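**Student:** The chain contents come next:
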Amino acid sequence: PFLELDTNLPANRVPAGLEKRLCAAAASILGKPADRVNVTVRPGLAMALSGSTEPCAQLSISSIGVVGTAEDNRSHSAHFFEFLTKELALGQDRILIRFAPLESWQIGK
Amino acid sequence: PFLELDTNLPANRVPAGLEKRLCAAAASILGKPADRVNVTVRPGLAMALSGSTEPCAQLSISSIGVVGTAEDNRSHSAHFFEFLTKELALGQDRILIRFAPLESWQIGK
Amino acid sequence: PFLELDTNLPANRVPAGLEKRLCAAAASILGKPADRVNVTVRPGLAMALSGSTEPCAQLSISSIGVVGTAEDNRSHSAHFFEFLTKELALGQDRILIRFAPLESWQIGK
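Residue numbers (the deposited numbering), protein chains in the order written: chain A, 1 to 109; chain A', 1 to 109; chain A'', 1 to 109. A prime marks a further copy of an entry chain.
Quick caveat, the hints were computed from the structure, so don't treat them as lab data.
It cannot be assumed that every hint is accurate.
No copy is singled out in the list; a pair is fine if it fits within one copy or between any two copies.
Below 27 Å or equal to it, Euclidean Cα-Cα: the simulated BS3-like pairs (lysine-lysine) are [what the hints assert, rightly or not]:
{"id": "1", "residue 1": "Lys32", "residue 2": "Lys20"}
{"id": "2", "residue 1": "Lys86", "residue 2": "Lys109"}
{"id": "3", "residue 1": "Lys109", "residue 2": "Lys32"}
{"id": "4", "residue 1": "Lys32", "residue 2": "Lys86"}
When you get a sec, could you build the whole thing from the sequences and use the hints?
**Tutor:** Written out as structure tokens, the structure is:
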């Protein structure tokens, strides 16, 4: 799976190594080997979340599989909220997680 | 819905509060409560649009619903072109709007 | 089609004009007119790819068509790996290409 985190927090307020710790958390939360987890963090953006420009973050989670995922995605989301509220010092109401489809992916040889 | 705007305009040429005014415009254009509208602006990127590196912007609009949306999406697109050409001082030919699917989204509690 | 390249390479290590040369390469590789090719490059991000924070890049390729694309997407991916390894001085194992769906897109008038 692929995690993409956009935030309007300034770069200096996003913890160093967030991408490493979020990768490890995702591996544990999603029950996937770390070598199948991808994380991208984009800070310093201009953002409105739920109509408000207060500090916030958007997390996209992309993957090929769709069938039967709704319930597990709710469970996973709750743990990512726990993780991100602590790391980013953001209230859970200022974090939104969305699930997006992929057709395929390939690592280079 | 979720709006994501990438542009190769330098940060200092993207208006302050664009994300707030685009959020309000989206609420009005899409006929959705502002608390369901999300906007992310990513400036200063390196971009080619329709084969050209002149100043440009890409707007992605993501949402769960797909059925019956083609005609309304054309109407909405025209108003977002109006809004963005004024705000960014870009010709409408240098703005591209694309519509992408989501499976679900959740706000934290 | 729409190419979006995220990388944790610093901005000064991403070649100037990468978006122009990647646009031309995509036109040739995909067999599409350059005026239908779009490229966005986002550098300086914090990233983990396949569980590792070593230098890396993610390329997303989005398009409306899905039917019958798996084999051609494998061919195209291999050429984009060739192109990006040279431009970015990254091993092919540090580049991941993913294919995502679009419902529609519109250029402004």
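**Student:** For a quick check of understanding: which of the numbered hints are violated here, in increasing order?
**Tutor:** none
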